[PDB]
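S.K.: Here is what each chain is made of, one letter per residue.
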Amino acid sequence: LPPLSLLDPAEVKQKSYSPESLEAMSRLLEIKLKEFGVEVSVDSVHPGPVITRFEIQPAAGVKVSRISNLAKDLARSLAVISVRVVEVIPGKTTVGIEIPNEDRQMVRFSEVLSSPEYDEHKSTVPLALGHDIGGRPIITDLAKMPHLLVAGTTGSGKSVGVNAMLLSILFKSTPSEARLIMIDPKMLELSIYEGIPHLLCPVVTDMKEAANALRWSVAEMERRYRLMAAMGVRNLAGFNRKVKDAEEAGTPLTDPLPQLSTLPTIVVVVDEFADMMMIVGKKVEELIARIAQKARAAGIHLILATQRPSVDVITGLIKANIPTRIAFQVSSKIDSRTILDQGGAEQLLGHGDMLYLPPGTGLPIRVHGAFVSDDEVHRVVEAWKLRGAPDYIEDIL
Amino acid sequence: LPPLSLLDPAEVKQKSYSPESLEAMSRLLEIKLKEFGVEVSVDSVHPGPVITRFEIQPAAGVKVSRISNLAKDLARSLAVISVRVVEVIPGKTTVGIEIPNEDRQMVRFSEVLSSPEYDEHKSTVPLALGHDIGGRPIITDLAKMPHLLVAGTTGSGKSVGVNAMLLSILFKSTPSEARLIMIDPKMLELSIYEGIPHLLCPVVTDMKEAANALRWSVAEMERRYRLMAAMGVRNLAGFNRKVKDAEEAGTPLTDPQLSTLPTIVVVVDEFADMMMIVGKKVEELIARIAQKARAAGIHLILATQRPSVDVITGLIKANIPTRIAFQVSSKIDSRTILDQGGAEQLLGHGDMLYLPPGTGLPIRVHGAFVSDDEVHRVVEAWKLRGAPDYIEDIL
DNA sequence: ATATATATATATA
DNA sequence: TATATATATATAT
Ligand SMILES: Nc1ncnc2c1ncn2[C@@H]1O[C@H](COP(=O)(O)OP(=O)(O)O)[C@@H](O)[C@H]1O
Ligand SMILES: Nc1ncnc2c1ncn2[C@@H]1O[C@H](COP(=O)(O)OP(=O)(O)O)[C@@H](O)[C@H]1O
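Just so you know, the sequences run in chain order F and A.
If you count by the deposited numbering, then the first sequence holds residues 315 to 571, 582 to 721, one letter each, in order.
If you count by the deposited numbering, then the second sequence holds residues 315 to 570, 583 to 721, one letter each, in order.
Watch out, some of these pointers could steer you wrong.
To be verified - Selected chain F positions facing chain A (in silico; Cβ < 10 Å):
| id | residue |
| --- | --- |
| 1 | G375 |
| 2 | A621 |
| 3 | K643 |
| 4 | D665 |
The set of hints was computed from the structure by calculation and includes no laboratory data.
Just so you know, even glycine gets a beta-carbon here, dropped at the ideal spot from N, CA and C.
Please model the complete structure; the sequences and the hints are all you need to start from.
M.R.: Here's what the structure looks like:
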């Protein structure tokens, strides 16, 4: 485990303007919406790093569709790039309008990881994603999702988000706990992660090797289910508690079908399963559906990623089994419905601005993706290559 | 029989939402509906565990569709998360507005079994599903359904639902009048039930052995139909009345001494894996069961995770008219199982849509939570009473 | 000005 | 490929 200070340090923040500017922008929003058909007063002003949520209290009779279907013209008349209308704030009566600022400060990855949520976290595969709309950091947990879609068009930060997730893995767990599998169909982005002991294979490029890696993941899932069936334990955390107590009790356990040890948590990232499905066919779709159907209790987790938010790629079989979605900036409302079963993803800004959809029944929480760069990535990868030796399992292909 | 005191005790409920706190909400609802186009008057209030139905009488000359289009904004302006406008309360002249409570309240299973409906129930296979939208216990016999599909996404309260159904079997029925075939294609979930005398086998692992057990079940159904045709018997309950004509009333019979033919409830945890791995001959077996087996003595609790045409075709659709649907992720899946819409609107954690046989109208049922410790207690209470009476040649 | 009807657009059996 | 549903648009209110 390298220390957290090997990242780029925190710069000087400059936002959160004088309250006369916030009151002037509140009165400007009231005047512009009054010049349109609606009439609404600004309730409260919440500043933020990138955007500034204006909670406004709609008057009698005015609907929310009459606020959502003129956001284009409101963003034009407020001289900003694009505005976003929150249809529902949880537990209030108002309607959130989020306006970008003049200067747009980035999200610093050390400022994300310097949080007590990440620092005193319980699990072994956390995923620090970035701040909320006001600077409060979001740190999710991949063993609670248990799978993850990522989409959004180019120039929006998909590979930067995947690198933020993978450094969130690599700053906490040893290779005895979180052992990765990386399937990069290009040679472009995820090729930098070579050498670290957290891998199982060299970073898989060709699609026959991708299908072989998914079939080996199916085999690992089946042998872990058979082993936990023999030992009667429902989940992997209880299994590791059992085997740790058995090894510390002086009588370690045995082969159900030698000596067993603590199993790691396999995280299988995929960078473009659009192109993977394109080259191979429906067999990859059936394998991803099988893994997303069964592999929660066996520790196999997925980080999917795709450029195209279309029905050819994110099919219904993938949507029904993976309930946690990340939505970056997409092209239009049809792409937003394909990724989140609802609108609201097209109104973003890009360059690290996502809509985290939490697992289960939920409302999308706007998260700003942490900007992790090639300096930090290369430095932490060389740190792990100097702190450990590579270990590849040969028969995965 | 095991005692009902094995379950966890009914904790004194956090009966929140005082009558002034709901009277103020009703006055606020009629004011915030009068601010929009409609005019309304609140008729009565039914406070409940999870969702609270506000029965409202609309004004003269206003339509339900105005309330339906106005629904999301009404849910926005009342400081709640969602709403659902029931277009028709059966038998009344009102419109049901169901506002979900912000306190998702757990339903303990002893709070469902202790109803007088369940204790005075006579059939061998009751299913304690949970409470209704109003909070009253809903007990539904399995013998009148006659089969039951279960579908819903991962983390919706499905294994807890199958555990509640099987404990509803086990808290009333002896090993004489009920006997379970547990087809568990996942190796992980329902191995906890191993040891009870209510099994015909150790709990089945492989789809090959599961298909062998289903062939055995087809053959047992066929010999039961042939013996009922020999005895001139019009259903299973008529043959248990012939059992009452037998040594139950102290007059023995012959073997054309016929004992009880136990009602078989075949649970399948994931038949999606089976019907995608081994093919469609299993679907031929399931269709030949599900078309005929009501008057036979073999029933199926089918559970899955793919409400799709790849799993649930039209073959296993028209023959199972009683379906449990948990939280699915699309209206397309809702039309795939319930043949209507409204299944993705569920609030998760066992809150299902019991679709009764006959009337094709959904009946929403909150799922009863049963923990794994209560399961170990019931497994212990059955292992301390009876050795496993197997027909071991099923595999 | 705006709820309704309708022609067509995309997703699925 | 035929169709069920969904979305944008005259239209008359
Ligand atoms: N938090 C952020 N702040 C600023 N820029 C960001 C942030 N996150 C991502 N980016 C931008 O996203 C770009 C990477 O996009 P990428 O994921 O490679 O798109 P694709 O993989 O679809 O081609 C980088 O050039 C970077 O400038
Ligand atoms: N009646 C209930 N009340 C509250 N939570 C419930 C209830 N029934 C089930 N659950 C929740 O559902 C979870 C189990 O889901 P499960 O049936 O295992 O889904 P799956 O089988 O798809 O994994 C449990 O963690 C439990 O908390």
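S.K.: Taking the hints in turn, state whether each one holds.
M.R.: Results of checking the hints against the structure:
Taking 10 Å as the C-beta cut-off, the interface hint given for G375/F holds, the closest approach to chain A being about 6 Å. Taken as an interface hint, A621/F checks out: its beta carbon lies about 6 Å from the nearest beta carbon of chain A, inside 10 Å. Annotation: interface hint on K643/F holds; nearest CB of chain A at approximately 6 Å, less than 10 Å. Given hint, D665/F at the interface with chain A, holds; its Cβ is 7 Å from that chain's nearest Cβ, closer than 10 Å.
In this structure, every one of the numbered hints holds.
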